[PDB]
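Asks: Given the structure of chain B, go ahead and fit chain A with the ligand onto it with the hints provided.
Residues per chain are reported as follows:
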Amino acid sequence: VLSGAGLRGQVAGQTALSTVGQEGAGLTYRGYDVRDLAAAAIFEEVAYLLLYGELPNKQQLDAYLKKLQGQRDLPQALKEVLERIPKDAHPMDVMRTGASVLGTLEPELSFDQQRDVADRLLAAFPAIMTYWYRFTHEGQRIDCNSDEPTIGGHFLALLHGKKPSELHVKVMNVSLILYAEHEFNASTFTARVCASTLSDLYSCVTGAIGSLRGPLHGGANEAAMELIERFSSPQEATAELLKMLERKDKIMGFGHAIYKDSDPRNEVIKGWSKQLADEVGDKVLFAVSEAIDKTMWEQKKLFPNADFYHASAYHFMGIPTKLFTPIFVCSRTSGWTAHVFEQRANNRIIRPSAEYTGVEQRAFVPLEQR
Amino acid sequence: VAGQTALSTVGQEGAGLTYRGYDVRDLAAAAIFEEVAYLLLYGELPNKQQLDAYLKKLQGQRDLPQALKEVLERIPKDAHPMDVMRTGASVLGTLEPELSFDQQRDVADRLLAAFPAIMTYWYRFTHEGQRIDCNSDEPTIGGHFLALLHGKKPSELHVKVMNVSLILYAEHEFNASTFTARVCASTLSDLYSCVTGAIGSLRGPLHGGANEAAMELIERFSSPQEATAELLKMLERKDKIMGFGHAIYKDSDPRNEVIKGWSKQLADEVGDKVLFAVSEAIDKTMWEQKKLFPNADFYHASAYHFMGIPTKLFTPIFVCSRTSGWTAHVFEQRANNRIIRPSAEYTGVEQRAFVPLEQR
Ligand SMILES: [Cl-]
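For the protein sequence lines, the chains are B and A, in the order given. Quick note: the first sequence uses the authors' numbering, first residue 6, plus one each step. Quick note: the second sequence uses the authors' numbering, first residue 16, plus one each step.
The hints are simulated quantities; they were obtained by calculation from the structure and are not laboratory data. The reader is advised that the hints may include incorrect statements.
No more than 25 Å apart at the CA atoms, straight line, and that leaves these computed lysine to any residue pairs for SDA-like [stated by the list, open to error]:
1. A:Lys275 / A:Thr155
2. B:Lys92 / A:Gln118
3. B:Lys63 / B:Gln81
4. B:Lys71 / A:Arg375
5. B:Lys84 / A:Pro80
6. A:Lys255 / B:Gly75
7. B:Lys71 / B:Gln81
8. B:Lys275 / B:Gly286
9. A:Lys92 / B:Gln118
10. B:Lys275 / A:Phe369
11. B:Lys327 / A:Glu111
12. B:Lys84 / A:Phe140
The following block holds chain B by itself, in its conformation from the complex:
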């Protein structure tokens, strides 16, 4: 074990995009409290804030909506590629492959195009995900356009093939805002390391997706879903959690490496998951989640992080569990691409060295003398 393992606390670069765990608002995007943005904005306002630098006025926002709405369809060649990705593929590999292939079809030929490419990814990723999913799981080639004006509603229209409820559109917008940006985590760092070699925007995103695929980084809301779905009463969940804690099982969705007393994103999504539970008539899943939440506080003094109540919220909107991390990609692409533009404008980055722990120099031995 090396003292500098993981680069914990070592400055790898500079950012104006966000601050996590600082005094005042626990999470800000260009100085705005994420809880304010999630309550009062659509995700396009927040993507615009990250990528273009300021909250848009009504005419900037309308223009941006129109632009994204014209960028939702997939090229024919990309549809043909997604049809050949197996049904049992990891959905994050589908996202990774879609980004990789789109980079060959619509290349970033100059960094002048970088915001057009980021906007294209934000507009097309919901179709990359759902065109593959419904082709392989339902045997249907879907329309990649929809009548929904926002990314969040468009995703639900593609997934379910019907007009989403206004509550469901709202909570999708809330979720995409909540996950949009989180400073220098593993996938944002991967995107910036790639950006530092002056590689193209599709490479940076494809790299970031691969890092988010690892279970120490992505998939915590899927793990929370796999816990809460086990129980048919909140009292069964409590009794079983008490046994898991005695075994020192790690309970995903609880605690945080940076937040000290609460994750600002939790209070937001918890409230919206409660509204969804009431709308859809749920009598078990939200109550199960609350009981686990209460038991984790009483036994371990751990608060729920952003991943815990996202599990139930997505489930109430009909979203298959294996599409949760792909939804995170649709959101966090805004922060990732914004971090790439910062790296390109101010290309300063840490260059780590290694400590050699191998063998001393040794003479070469010929093949037959081995």
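Replies: Frame of chain B; chain A with the ligand shown alone:
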């Protein structure tokens, strides 16, 4: 000091580049690339039985699945060849997934055996209108690549120099692409993701492409006298000379001395009268004028050109070689891991009140 490695040392006393203690110069002289890939992935040089078994294994992993061939056919002719390599690795991860780290060395072997066909199947389909057989009669990866690229049995000399090149580029400690592979590995992601990410970082012109830029320099000149005259002009303007110097090596890049001699042999075999002489004039002038040595990339440009390799496939060849080092680095990260999560210095605005849409 991000991490620890046992794979290689660069610029230390004695042999300037070692792989698990072995001087890269002795490996490139005496081994085929598969012996060095085995050293990096399995930990020691293989014996005759082990090498024969490894070659038979890799020979049965060269073909591409039909779904992958169909995907490669949809990548445009004018695509960046590194995006073809990135896409091929990504798609192969959905067809033959790494479902447990127990499979890690098998997946690394599959990528080493399949990368040559991913590159050439795409290339020959889009540039020569042909769907090629992805198997060949060549026993080695280096020969197999040339057999697929040109559709003919390569000469013994060309097979040798391909093997030398794959060995020389196989591993180089920490750098942008190896680091990217390790950051990805640190989240416990799968092996295909770590290689896809590393390819993306190598695509950036501050990391990848130096041997292509060297090619674009040496191809300009019709004679060594002209090259010398123009180089002294560039040196007066303090132009950067592609293929010279190194951030670590002090007096010589050990890989340069090896590939220079193999380039010289290729130039003789193909009857070159200009490219090697031009390269040597630039080499000699750089030492006289600047006491700068050529690094690995400089004579690799002529060697690959004499083997009939299009310039835009040079970095893809580096991917076929450096996949050995990348995957070996991922195994080290997995065996002794902490998620890599650095800090940022915040330079943005102070916290501020939300402004509603109508007041913006
Ligand atoms: Cl666009």
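Asks: Which numbered hints turn out to be false for this structure?
Replies: 3, 6
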